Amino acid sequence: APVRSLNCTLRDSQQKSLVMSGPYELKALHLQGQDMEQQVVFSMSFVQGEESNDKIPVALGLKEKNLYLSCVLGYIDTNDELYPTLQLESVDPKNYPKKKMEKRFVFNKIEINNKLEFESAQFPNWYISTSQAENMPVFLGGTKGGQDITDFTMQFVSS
């Protein structure tokens, strides 16, 4: 393209790591030592979308997996109308990433020090979220304050 990118892991504000849960899902849990190898490496690209002084548009791919997080209307857990849902979408490595990511792939990275939130650019007020419980899916949530975990820290891996 080229697109500006870095590789990183993410941990939620409770220190849970993100790992694969089947081929098309992530889950969060507190990890230990060598098992840390299980945490998922993201490739965070900076996309040409709507930048605020503190709303930096990004896409999140899963390094080496040809998968991207995307926000698409569907049905939600519940714990006719459609709601934003988090999907792990496989893509043609030939064309991704790109500065012009389709809207479903774009998150606004919000830096509330020293924490990051990732808001769906397509569906405002919906965030990459984890449950307080161990081993539950990563999902789009956080629409009501103080209910879900929507804060993360980033661990730089490489560029």
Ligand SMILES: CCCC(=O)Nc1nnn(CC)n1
Contents of the next structure:
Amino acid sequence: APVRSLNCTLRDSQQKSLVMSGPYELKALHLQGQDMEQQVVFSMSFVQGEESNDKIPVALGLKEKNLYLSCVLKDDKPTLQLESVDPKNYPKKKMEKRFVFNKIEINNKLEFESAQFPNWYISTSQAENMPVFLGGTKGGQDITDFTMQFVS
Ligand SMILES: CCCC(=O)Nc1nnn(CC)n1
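I would like to compare: after the form solved without the named molecule, may I see the structure of the form solved in complex with the named molecule?
Full complex below, order starting with the chain above.
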């Protein structure tokens, strides 16, 4: 049948919100009150892939935009990018591997591992207003844990 999707927001474990920062850019910063309208709303699709109780393959598209988070090699490194797709063809159940994240539930938080690049995670910096990126370890100064908020 159709792929199933939910609208949601993400915040990192320091409660930083994610916002659009100009073309194909996402930034993490502390947000509260009126300014929270600026946060990015995701359409999280539940896609084809290897699955276990606490490890669920998803795609992360921007709500009602033909833009998806994806993992590709750039100047020879696993990187996180926003990628344009054909809006007639997405979302779909069989998303290409660069778009797939393993959503992992650990100690009441979520981590998003690249399906393409094992042990690379959606990450934020501790500093304010820095890019969201792919970080090649879930252990150090960089933040790899999130909570999800479900949206109407
Ligand atoms: C998925 C988000 C990718 C992104 O934000 N990349 C990126 N690279 N340089 N910047 C501006 C400082 N931002």
